[PDB]
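Chains B', A and B'' with the ligands: place on chain B using the hints.
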Amino acid sequence: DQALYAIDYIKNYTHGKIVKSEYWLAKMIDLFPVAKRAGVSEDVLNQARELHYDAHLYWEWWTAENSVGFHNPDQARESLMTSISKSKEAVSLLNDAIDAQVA
Amino acid sequence: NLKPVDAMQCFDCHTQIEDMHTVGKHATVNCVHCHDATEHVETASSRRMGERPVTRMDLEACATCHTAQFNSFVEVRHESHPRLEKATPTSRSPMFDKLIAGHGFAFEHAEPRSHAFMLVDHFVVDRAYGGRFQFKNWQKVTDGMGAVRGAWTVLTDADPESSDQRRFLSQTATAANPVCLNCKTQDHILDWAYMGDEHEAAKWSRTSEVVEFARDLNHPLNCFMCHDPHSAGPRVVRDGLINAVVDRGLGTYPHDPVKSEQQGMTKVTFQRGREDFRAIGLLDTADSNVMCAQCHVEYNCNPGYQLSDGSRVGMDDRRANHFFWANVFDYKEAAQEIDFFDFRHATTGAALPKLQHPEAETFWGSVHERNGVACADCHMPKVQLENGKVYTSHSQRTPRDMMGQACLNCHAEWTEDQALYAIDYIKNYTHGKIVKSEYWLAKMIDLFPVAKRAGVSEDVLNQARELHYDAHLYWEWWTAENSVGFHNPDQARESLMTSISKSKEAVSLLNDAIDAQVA
Amino acid sequence: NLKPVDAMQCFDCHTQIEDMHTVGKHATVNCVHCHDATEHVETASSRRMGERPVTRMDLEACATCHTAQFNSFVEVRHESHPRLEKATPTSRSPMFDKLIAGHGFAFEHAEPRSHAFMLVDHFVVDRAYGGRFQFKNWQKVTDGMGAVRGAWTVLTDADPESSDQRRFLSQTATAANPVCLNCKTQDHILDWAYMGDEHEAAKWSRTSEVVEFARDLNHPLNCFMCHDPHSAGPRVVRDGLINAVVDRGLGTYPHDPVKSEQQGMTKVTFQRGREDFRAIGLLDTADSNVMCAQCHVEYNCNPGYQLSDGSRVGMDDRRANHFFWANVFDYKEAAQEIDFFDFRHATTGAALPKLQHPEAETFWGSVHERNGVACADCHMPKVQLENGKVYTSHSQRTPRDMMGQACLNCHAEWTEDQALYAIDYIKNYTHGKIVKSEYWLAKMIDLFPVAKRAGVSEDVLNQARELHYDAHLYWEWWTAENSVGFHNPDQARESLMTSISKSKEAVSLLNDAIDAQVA
Amino acid sequence: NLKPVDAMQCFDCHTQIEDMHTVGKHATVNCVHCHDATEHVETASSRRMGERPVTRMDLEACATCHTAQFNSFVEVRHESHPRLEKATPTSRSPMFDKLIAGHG
Ligand code: HEC
Ligand code: HEC
Ligand code: HEC
Ligand code: HEC
Ligand code: HEC
Ligand code: HEC
Ligand code: HEC
Ligand code: HEC
Ligand code: HEC
Ligand code: HEC
Ligand code: HEC
Ligand code: HEC
Ligand code: HEC
Ligand code: HEC
Ligand SMILES: [Ca+2]
Ligand SMILES: [Ca+2]
Ligand SMILES: [Ca+2]
Ligand SMILES: [Ca+2]
Ligand code: NA
Ligand code: NA
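Chains as they are written, first to last, in the deposited numbering: chain B, 421 to 523; chain B', 5 to 523; chain A, 5 to 523; chain B'', 5 to 108. A prime marks a further copy of an entry chain.
Since the hints were made in silico from the structure, they are not lab data. Hints are not guaranteed to be accurate.
Here are the simulated EDC-like pairs of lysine to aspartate or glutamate, each with C-alpha atoms no more than 20 Å apart in a straight line [said to hold, decoys possible]:
id	chain 1	residue 1	chain 2	residue 2
1	B'	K263	B'	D288
2	B''	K102	B'	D516
3	A	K7	B'	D516
4	A	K7	B'	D16
To be clear about the criterion: a stretch of chain B counts as covered by chain B' if any three or more of its residues have a C-beta under 8 Å from a C-beta of chain B', and this derived list gives those stretches [said to hold, decoys possible]:
id	stretch
5	433–443
6	473–480
7	501–511
Ideal Cβ placement from N, Cα and C applies to all residues, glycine included.
Chain B with its partners taken away, still in its complex shape:
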């Protein structure tokens, strides 16, 4: 029971970061149509697309990988926090650019 509990600690923690990474990716993705329709520049959209590559990589690794972090818990944690960081950066970029078009 103790060994199972140790497994589940890691998997539960990692899964929570997967879910949060997805929340932020989804929030970013859903800003792209708003930004395009608002007339945000291709330069800004391309900056956001570059961030999306990293946000995606540092999330999807872990949904693809079958151990839900157990095989390398510290790496999963660092990666998923990086994904969230990238998505947050993109969300801020896009929101500010949309807000500037509205104003």
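Structure of chains B', A and B'' with the ligands alone, referenced to chain B:
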């Protein structure tokens, strides 16, 4: 081996302790069990401490004579899933990230687990200390006894050379402050003035560097949080609770003055330099409702802002350590009473409250509470033995693990499966209303950017923000509260329906205003 | 609530206790936990007791600070079949009635059950008090905690107005005497002189009226039988054991002088006035082999007869309280040394010994004993907890209930089923030899009447009777002993084969002599 | 205790019931098990009901002769989770609220 000291010599200077110790069930328990006071006795005067005696705060100080209670307490319930994030579709709050956006809980909010881990979990959670503190390795997460022996036996500090709150990992926050610790440990009971006010005799206060404070703390939920070590009698030590019940005259049962008088609390104050320093609350009865309410309440333990003008309320303000002592339907009034809110929503800009595990206030007025049932009856019952000396279980956990003693002794008409089914009926119903409340909150929240971009007036946005406060309160109470409605099913239902009503009103307001801008 | 007394005042007249109490792990445990001495202190001098202080012998005196050990001790093992007669085909000795004819055990000899019941079971067994004492009703047989609280809470006396040993039921015996009680209780520890010799300061002795003595006794296996209440250190209190080990110089391990020196006993005497009265044996180590050997030994605790001349040895004689402290192959010499036997066989007329549960003397020289294993390792191991403070189980029971802790910790090469299989191989083999020994004893016994009626000479009959002593000894050791060979399989085997050899020799002798009379 | 009624008297007005009851496996089951028709019989005519008879619709009307089937029927499957909302992520329709918006 311990050698007894002359307690009469101590009592010559310590009359309050004499009065408690000589009369209670610890009258024969020598001071040496918990104090090393030799240099203190050599140096103290009538009213100056001299050299500080050592006081043991470890739970093993009690375990030599009360091994059964200690061992029960330190048990780890492995079925209580560890480090399980609430903001996931399979946990308590599937849309928590969207709803709580702007608050530090967005960084991590896990389900509770066994009491042994409270202090270590506080130290390591991603929202608390910027990731500064971690388990020494991922094996240590199982070690409840080790956590009890001391947090620093199982944790590491990323930088012992600095004492500032900062981020060591990217997606962490630094929400911890000294007030938090009062619901994780009382190792600081002799080093913290009542309420955490500034005091010349206090090492620590509300305004301390929390990383330095953390390093001085070791043990979870000390045995003496509920039991006076001198009299062995029932008590509370949590300042915020004593402040609500006694200082503010609200009573132990604010809705029931008779029960408050029968099951009351007496504030006892201890001085340093003939100035009030710290306080305890001696209970008339061994009332677990009030014992557990030291921590299982809605509270402030953080900086915030004023509802009136939006100005910052810092840790220095008394409001940074506050027990609202109010049920869900009295809470908005209680927050207005202190002119306080917690955060501004990141998307809507609404001033919002943050709700914390309000089990005590939820339980008030429920059928069980009105019938004289208390937390311990369901969560730490007497042990049933075919042959033996009865004692009280100290493994605070779900009644599902002990249904005979927790439920069926009262409910002789039910089998275990029937009682479980009754629990699940309430929890399933309540959870469905939580989920629906979240759906409507999320729908409303997502209209704010559309409305702002459409040029909807600030007057309309502010009307919607006022609705958001209520929609939020009447939802979040129930994701914060741990029983998923069981503690007060009718109240949960009324509250959650109120949340949905408020969100629907806001959605209609915003949709109509957007539609008017488009036309 | 208990109020502490001034222990230093006691110590002014009790230097012997002072020297034990101030040094051990009970230095902080006030006398009031176990003594009521107020009137004593008012009236005593250092040389005159004055009023006799009260001493508590109840086990609950220890349970308030040691609940885990107490509750473990009082557990009832329901799988240890109760009131199960050994003289049945499905128990230990299918032919016991034929073989033991002439002895009181023919009236009833049940298998042992849990320790909580030892005193009540002693009182109610059909061989002991003529049926005088009974459980209050047949429900009370389950009540281990009640028995521990006191025998007279669960039993009745058929005639409180008489104190003689008498038959109240037809098929009972009156074998109980005061020596028996020393292996059931030590409630009388301050009322019984060493060995039960006559003493001016003794209320009770070997020659007391056992029914009157019985009425003064309440508690089984007091905690202080193994632990000094003053020092908390390991000890024995049983006079017969101290007498064997110390007075007679045999040592704690008669077959191993080195181990005897390392794991020895110090006799401590207590005086009444200027006269030695009682004694204890402080152990060098917490050696359960010697603790359990207070009772789990072969003994005299009864009147008997001399081997030399057949004359009666009554309770007044020191031999009526005797630990032989001899293995099976030294026993005959040990009994010759004190010129003693127990009974004459009803059919054969042979002088025979009666053997009692000789676990201690059987365990000597076994592979486990020689490797430093002790009774507690298999029968009361440390408790293994995922999270908690370790303590020692005090539920003395078969290792089958706790194989992980009792066996597999040492035998990592085995699964539980494998270890059980190894136990059963020995017990099955040994039991088969017990049964065959009984077959041959019974065959011999049944030839005695045929030989007598055929006019076989008394010289031949006496030759056969001498063989009967040995055939009996080398069999009965193993029906008396509770492990069915497991404690010493090679010894059981050698002994039982010797029994069969002796019986076969007697059968041949008697058959030949009968045939010669017929011819 | 139930007392049987004269079914032939009922059948004089109730031919459809006669045709069904006399032929099936309830031919021996008297009307009193399910009907109290005394005032009805006193007042009915060939094709007017008169006073309405009482008809038992409770399932225990069948349980006296068919206890096994009744007891099986009334069993509660506790593993069939109660009051469990379908519009939740762990049930049947995680996005039900959005999709069914406008419906009760
Ligand atoms: C008078 C000369 C004293 C003697 C004798 C003892 N104590 Fe004391 N103690 C004394 C003072 C003036 C104070 C400060 C508080 C006050 O009442 O004014 C204390 C404080 C303590 C404490 C609290 C320590 C802390 O960290 O805050 C403890 C635990 C304590 N004292 C214990 C104690 C014991 C066990 C004594 C007998 C061995 C004892 N004290 C003697 C003054 C005097
Ligand atoms: C042995 C030297 C003890 C130490 C160390 C502690 N306690 Fe104790 N406690 C002890 C005794 C002998 C008793 C009385 C037992 C009885 O029923 O007579 C107690 C009692 C308590 C109680 C019950 C009090 C009541 O019902 O009024 C409690 C709650 C208790 N003890 C708690 C406790 C705590 C929390 C300890 C560590 C600070 C502790 N005890 C130490 C003996 C000993
Ligand atoms: C022998 C081949 C091993 C196997 C099989 C398993 N583990 Fe292990 N584990 C092993 C070692 C030598 C260590 C490091 C010990 C140290 O203190 O240096 C570990 C470590 C872990 C950890 C901690 C991981 C971390 O990053 O800190 C965990 C959670 C753990 N082990 C769990 C675990 C589980 C559940 C296993 C079965 C699937 C398992 N380990 C197998 C050695 C071996
Ligand atoms: C008493 C009024 C409390 C204050 C002040 C703080 N916490 Fe707390 N905490 C409390 C309880 C009763 C519980 C268990 C019930 C629950 O709903 O969780 C907790 C739990 C935690 C946890 C574990 C669960 C989690 O959210 O991850 C953590 C990590 C935690 N608490 C941290 C924490 C912080 C950082 C605080 C100050 C900002 C704080 N707590 C205060 C009771 C109380
Ligand atoms: C509050 C959250 C508690 C903490 C912390 C501890 N105990 Fe407790 N204890 C609590 C209750 C509600 C009760 C029962 C009161 C009633 O009358 O119903 C107890 C009781 C005890 C006792 C008395 C004997 C018994 O009933 O078991 C003792 C000796 C005791 N508690 C000891 C003890 C220890 C050693 C603790 C730290 C491990 C501890 N308690 C913490 C509530 C609370
Ligand atoms: C019985 C009538 C109860 C009383 C009195 C109290 N609680 Fe309770 N609680 C009860 C139930 C049936 C549940 C749900 C448990 C389940 O397994 O479904 C709970 C839940 C909690 C929890 C969370 C436990 C968990 O999920 O592991 C907590 C922290 C809790 N309750 C606290 C608590 C407090 C502090 C009480 C007194 C104010 C209280 N409960 C009373 C049943 C009962
Ligand atoms: C001298 C003035 C004494 C004081 C003070 C105390 N005790 Fe005593 N005690 C004293 C004597 C002379 C004796 C008799 C010794 C003898 O020769 O027989 C005793 C005896 C006891 C006993 C044993 C009684 C029995 O059953 O035989 C006990 C348990 C005892 N005393 C305890 C005791 C306590 C606890 C005291 C302090 C509260 C105490 N005694 C003081 C002399 C004196
Ligand atoms: C509380 C007031 C106690 C009473 C009553 C009894 N004992 Fe005790 N015991 C107590 C303490 C505080 C300790 C020391 C604990 C530690 O580890 O520091 C003990 C210890 C023992 C031991 C262990 C001794 C050793 O290892 O040297 C034993 C065997 C023991 N106690 C037995 C015991 C008996 C049999 C009691 C009834 C006569 C008894 N204790 C009462 C506290 C208290
Ligand atoms: C209710 C109709 C009962 C049934 C069913 C069982 N028992 Fe009973 N038992 C009952 C009573 C009223 C009494 C007398 C209680 C008293 O103290 O006056 C008993 C007694 C016993 C006894 C004691 C018999 C004796 O001669 O002393 C035993 C051993 C006993 N009961 C056991 C028992 C068993 C095992 C049952 C199921 C087979 C059982 N009883 C059923 C009432 C009722
Ligand atoms: C210690 C040297 C003992 C003496 C003296 C007496 N008994 Fe005993 N008894 C002792 C042990 C270790 C056991 C358990 C092991 C076993 O083989 O039974 C017992 C058991 C009993 C029992 C229960 C089993 C039974 O035989 O029915 C009874 C009724 C009993 N003992 C009675 C008894 C009598 C009457 C004694 C004096 C003649 C007597 N015992 C002395 C240890 C010792
Ligand atoms: C001899 C047959 C015993 C009797 C009677 C009691 N105890 Fe005991 N105890 C015994 C042993 C062999 C041990 C372990 C010693 C070792 O070092 O391996 C113990 C230990 C204790 C302790 C110490 C703590 C622990 O290890 O659990 C205590 C406090 C204790 N025992 C208490 C105790 C009580 C209360 C008893 C009556 C219910 C009792 N013991 C009887 C052997 C024997
Ligand atoms: C492990 C190496 C043992 C040691 C050391 C001692 N005993 Fe034992 N005993 C052991 C076994 C495997 C068995 C058979 C149990 C079974 O379930 O088959 C026994 C049996 C006993 C019994 C009878 C238990 C019963 O049948 O319920 C007694 C009374 C007993 N043993 C006593 C005892 C003594 C006093 C010991 C030290 C001198 C001793 N045992 C050591 C295994 C082991
Ligand atoms: C002719 C005088 C009748 C007699 C004799 C009985 N019934 Fe009747 N019944 C009669 C009529 C005209 C009607 C209305 C329907 C129709 O067929 O035209 C009925 C109706 C019933 C009903 C239905 C009642 C209802 O609530 O709708 C029942 C259950 C019924 N009748 C039963 C019944 C029984 C059991 C009789 C014998 C005791 C009986 N009826 C006699 C006319 C006549
Ligand atoms: C006793 C007076 C009965 C009452 C009341 C009800 N039923 Fe019955 N039923 C009864 C008998 C004697 C039989 C025949 C049994 C056989 O196999 O011979 C039946 C049969 C049925 C059946 C089976 C019919 C078939 O297979 O054709 C059914 C489905 C049935 N009964 C249902 C039923 C209902 C629903 C009742 C309440 C309205 C009811 N029965 C009452 C005897 C009795
Ligand atoms: Ca939990
Ligand atoms: Ca709050
Ligand atoms: Ca047995
Ligand atoms: Ca003998
Ligand atoms: Na020695
Ligand atoms: Na452990």
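A quick look at each hint next to the structure:
1. B'/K263 <-> B'/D288: Judged against 20 Å, a Cα distance of about 11 Å means the pair holds.
2. B''/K102 <-> B'/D516: At roughly 19 Å apart (the allowed maximum being 20 Å), B'/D516 and B''/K102 satisfy the hint.
3. A/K7 <-> B'/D516: 78 Å, violated
4. A/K7 <-> B'/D16: Holds, at about 18 Å.
5. 433–443: holds (count 7)
6. 473–480: violated (count 0)
7. 501–511: Satisfied; 4 residues make the cut.
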